[PDB]
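Enquirer: Chain by chain, the residues run as shown.
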Amino acid sequence: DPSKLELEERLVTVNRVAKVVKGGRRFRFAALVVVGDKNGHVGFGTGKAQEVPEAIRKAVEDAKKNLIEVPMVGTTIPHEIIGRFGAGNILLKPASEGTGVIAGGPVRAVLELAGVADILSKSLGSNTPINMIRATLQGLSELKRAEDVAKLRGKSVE
Amino acid sequence: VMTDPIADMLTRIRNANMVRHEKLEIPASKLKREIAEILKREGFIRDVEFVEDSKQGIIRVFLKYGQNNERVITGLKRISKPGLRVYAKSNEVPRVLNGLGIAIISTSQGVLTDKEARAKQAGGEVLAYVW
Amino acid sequence: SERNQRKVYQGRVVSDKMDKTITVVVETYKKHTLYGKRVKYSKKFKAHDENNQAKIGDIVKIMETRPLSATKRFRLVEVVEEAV
Amino acid sequence: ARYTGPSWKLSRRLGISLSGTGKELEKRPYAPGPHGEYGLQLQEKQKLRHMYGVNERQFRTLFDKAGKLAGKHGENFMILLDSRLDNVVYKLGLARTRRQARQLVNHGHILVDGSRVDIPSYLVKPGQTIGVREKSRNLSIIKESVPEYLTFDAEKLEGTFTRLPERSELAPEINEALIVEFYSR
Amino acid sequence: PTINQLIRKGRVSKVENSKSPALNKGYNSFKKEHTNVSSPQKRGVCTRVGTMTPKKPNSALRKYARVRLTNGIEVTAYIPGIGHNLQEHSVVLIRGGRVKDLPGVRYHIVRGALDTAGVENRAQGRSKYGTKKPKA
Amino acid sequence: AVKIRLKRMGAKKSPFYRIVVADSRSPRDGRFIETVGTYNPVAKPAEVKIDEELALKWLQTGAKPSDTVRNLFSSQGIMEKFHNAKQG
RNA sequence: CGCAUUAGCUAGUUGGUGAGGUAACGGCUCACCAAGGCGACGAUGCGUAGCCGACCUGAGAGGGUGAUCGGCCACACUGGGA
RNA sequence: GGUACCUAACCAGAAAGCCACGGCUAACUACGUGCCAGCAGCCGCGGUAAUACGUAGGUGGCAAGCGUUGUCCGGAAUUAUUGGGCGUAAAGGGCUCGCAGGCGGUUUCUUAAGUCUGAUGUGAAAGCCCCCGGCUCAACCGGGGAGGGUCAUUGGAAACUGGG
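Chains as they are written, first to last, in the deposited numbering: chain G, 5 to 162; chain I, 2 to 132; chain Q, 2 to 85; chain F, 2 to 37, 46 to 154, 161 to 200; chain L, 2 to 137; chain P, 2 to 89.
Fair warning: there could be bad hints in the mix.
Claimed, not checked - The following label-pair restraints were derived from C-beta to C-beta distances: (1) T29(Q) / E23(I): 48 to 56 Å; (2) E65(F) / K82(I): 49 to 57 Å; (3) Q88(L) / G48(F): 24 to 32 Å; (4) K65(P) / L132(F): 45 to 53 Å; (5) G100(I) / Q52(F): 54 to 62 Å.
Hints are computed from structural coordinates only; laboratory data are not their basis.
Where is the CB? At the ideal position from N, CA and C, for every residue including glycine.
Using the sequences and the hints, build the whole thing.
Expert: This is the structure:
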């Protein structure tokens with residue numbers, strides 16, 4: 005849900021894209037955007053428009069519809085993951101306090117808006133920003149919370 | 002021909018678990034029985050039952066799904082393989098998903114989990130990871 | 002104190018054709034450095050056998066000695082298992 | 002080298018008061034010249058460097074040395090930087106600016122446990138007593154000119176570094192994480 | 002590949018050959034053979050000095066020299082800067098640096114070193130052109 | 002012969018020595034048998050530290066101390082311990 | 001270490017029996033007898049290289065180097081002998 | 001070597017350059033030039049509004065240095081063991097039969113070569129790292145320690161792999 009959280013947005017990129025028509029070419033602006041509370045909710049959008057500022061506003065709305073919840077133990081994630089989304093392939097390893105967000109490009113946008121402060125990362129695959137962020141979010145969706153596992157397994161968190 | 006029976010058991014689980022089957026039936030062995038006993042004691046499976054036969058036996062495993070049809074087993078990997086074994090020292094005994102998952106180590110002390118083995122200060126053949 | 006020990010190796014005979022001289026082979030598993038798979042390595046050794054006891058096929062023990070020729074640095078100790 | 006140039010345009014470029022007073026940013030809080046992520050990381054490093062007034066090579070090595078300590082890398086990196094004697098002199102109030110505090114040290118007016126230290130970049134340790142030398146007890150600039164990690168006595172003109180700061184005492188304008196990021200490239 | 006296949010026939014790394022291969026020889030007069038010694042510049046004698054046409058879509062007269070190096074290799078070099086004093090028989094110093102648009106030109110003549118004079122009336126990027134600091 | 006002597010370590014105008022047992026033919030700062038202690042003549046007073054058990058082990062094997070080493074042993078009371086051992 | 005666009009190589013060679021020689025074991029040498037020996041786990045040939053503690057780079061695995069300092073080897077116009 | 005260091009007197013006096021500024025990449029305007037002169041690592045830039053050519057002012061990054069070239073490693077999960085692949089992108093032997101080699105169902109006993117574990121010996125010094133201590137600081141230097149073996153020797157455990 006997005007109307008109770010107060011989200012910062014970040015523009016990842018804006019490509020000019022181009023459809024062939026009878027008398028030439030229709031150019032639009034495809035804005036890719038991450039948004040997050042900086043307290044464990046992040047998500048991204050695209051917008052396409054004829055002018056850049058609108059393409060961004062469309063993308064921001066889109067990101068607010070498609071948020072996810074990031075599990076966070078301290079200032080890091082619970083455990084190592086490799087988030088794949090077609091050729092996108094992001095390793096995410098948990099890190100000690102004071103490490104900082106050692107991560108690259110789009111992946112950084114996601115993690116910094118998510119509100120992870122200490123993480124290692126590496127783009128092991130494609131760097132096409134859409135599928136890098138997809139992959140990153142696949143990763144963050146597949147992080148397991150240690151309380152939730154303990155209830156699954158019928159054990160203590162200890 | 003069958004080369005890794007342990008891998009096969011892990012794969013059988015993985016596959017059954019993927020199509021949320023209720024139960025599956027694995028041709029038995031002593032080590033497969035021990036693996037399955039671990040999975041139960043760690044709460045990756047509901048039950049295991051041993052059916053005896055003229056051939057090798059059968060292990061019936063009963064998969065464990067939480068409410069919301071959530072899988073308890075996310076994954077299982079074979080580590081030591083026939084075509085390249087892997088052994089761990091006691092200090093190098095692997096943590097799996099930073100403690101949420103498990104590693105099954107065949108040791109002289111016995112077939113243990115990572116927690117188990119690390120307490121007894123043992124290493125051994127790292128059979129599989131389960132998370 | 003007691004004597005220090007020479008190296009002992011249990012191997013298989015692979016020639017007896019030389020006079021008083023067997024060519025034993027020792028097969029051991031050396032790890033590959035990079036991969037970690039163990040690989041069968043064979044090391045032949047010439048050993049000295051005074052009475053020509055050991056024959057091609059036999060599983061013999063040998064012990065290191067002073068050089069007994071250009072190549073022989075071992076003597077036959079025992080014939081642990083005979084050939085078929 | 003040291004930077005001897007204008008002190009204000011640095012404040013104005015960074016968009017913080019490096020003096021701590023505000024006065025560089027009273028009339029023209031915008032970048033020098035006619036046009037008033047890598048950027049922000051660099052901005053933050055240049056913030057902290059220009060504040061304390063050290064050259065990059067010495068700053069990058071003071072950061073490498075702080076990494077070896079136990080805790081947060083950025084946090085411990087600010088702590089040593091604060092321990093520098095020119096800064097401790099400036100914090101004890103023996104000098105009006107860090108550039109005066111440097112010159113105080115560099116020209117050998119300062120004592121550390123009774124003995125002359127003429128090195129701004131000297132890294133002062135807890136227990137150590139900063140003082141003025143007897144030739145320079147009546148310097149104009151000292152008479153003219161305090162946190163809790165320090166203690167001072169304006170009668171005797173001698174202070175003490177009683178503890179390490181702790182980070183809440185240090186400059187809160189600085190996002191040290193960014194500088195730890197700056198260096199991780 | 003399978004592990005066993007790697008044990009048998011391992012991985013083979015590629016060869017990464019020099020961007021500047023005339024710098025990477027020497028020459029031994031007494032033995033009459035090439036040495037294999039990397040150098041950061043070389044000396045050589047201009048056998049010809051002229052102009053070349055760049056490959057399209059670029060267009061200019063690009064000032065080159067045809068140099069015979071100390072190691073006895075003969076190489077085309079570019080002559081950077083505006084305006085130069087190289088004739089045949091000038092002793093020059095070549096560095097590494099291909100000129101992208103000139104097919105055959107893998108080296109730049111160093112301005113201000115040996116017989117190559119500095120660029121006249123240059124005032125920014127002087128060091129790159131071998132030019133002394135104008136005032137005093 | 003085996004000697005006990007000083008090996009020069011330290012830096013240009015600040016020598017520091019380790020007292021090493023060494024064959025005579027070995028190069029001064031090169032090959033040695035055992036380290037016996039350390040002499041820092043630069044400090045005031047010259048800081049000397051010697052591990053007797055070895056020093057005596059090697060005196061009684063008949064390693065001869067170099068002139069300065071001899072005098073360093075004297076001041077710690079080794080040479081006495083060595084002389085009294087040959088009697089009692 | 002590289003090379004199979006190097007596959008055979010060896011005939012004091014491999015072993016034996018004596019003697020000689022050496023500080024010393026030993027084809028080390030010689031005579032005689034035997035036919036051996038090595039090699040697709042790469043012999044042999046060709047090319048390249050002093051080796052190591054270390055050093056540089058790297059998250060690490062690894063790659064690269066082997067200046068200075070320390071160890072070991074080799075060499076001293078060139079080939080050979082005492 | 002009257003050298004370090006120290007004390008006294010005098011003077012801001014004698015002591016800042018270098019590269020860059022379209023993007024990558026920190027930091028922009030004007031004039032000149034007009035596919036020319038030139039720039040360039042790459043994408044490329046230059047035919048009248050050139051933030052990319054040359055100059056000037058400024059700005060930026062460093063600083064007694066700053067750039068350039070060469071060479072090595074990284075970035076290159078880019079020879080991939082860690083860590084890649086092979087329908088169509090490079091990549092399934094034309095197909096067999098097979099020697100070596102690699103790999104091997106289930107139970108139990110046993111050995112213990114693998115494997116795990118203990119002790120001992122050794123893996124020089126210096127170095128690296130750690131903790132201290134000395135030079136006004138640092139570099140440097142020193143002391144104590146740690147690390148490092150496909151290591152030797154000798155005891156244990158026995159599930160797994162290998163014998164029997």
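Enquirer: Look at each hint and say if it fits the structure.
Expert: Right, here's what the structure says about each hint:
1. At about 51 Å, the beta-carbon gap between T29(Q) and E23(I) stays in the expected band of 48 to 56 Å.
2. Between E65(F) and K82(I) the Cβ separation comes to about 51 Å, which falls inside the hinted range of 49 to 57 Å.
3. Look at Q88(L) against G48(F): about 49 Å separates their beta carbons, and that is not inside 24 to 32 Å.
4. For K65(P) and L132(F), the Cβ-Cβ distance of about 47 Å falls inside the hinted range of 45 to 53 Å, so the restraint holds.
5. Taken as a hint, the range 54 to 62 Å is violated for the pair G100(I) and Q52(F), whose Cβ atoms sit roughly 39 Å apart.
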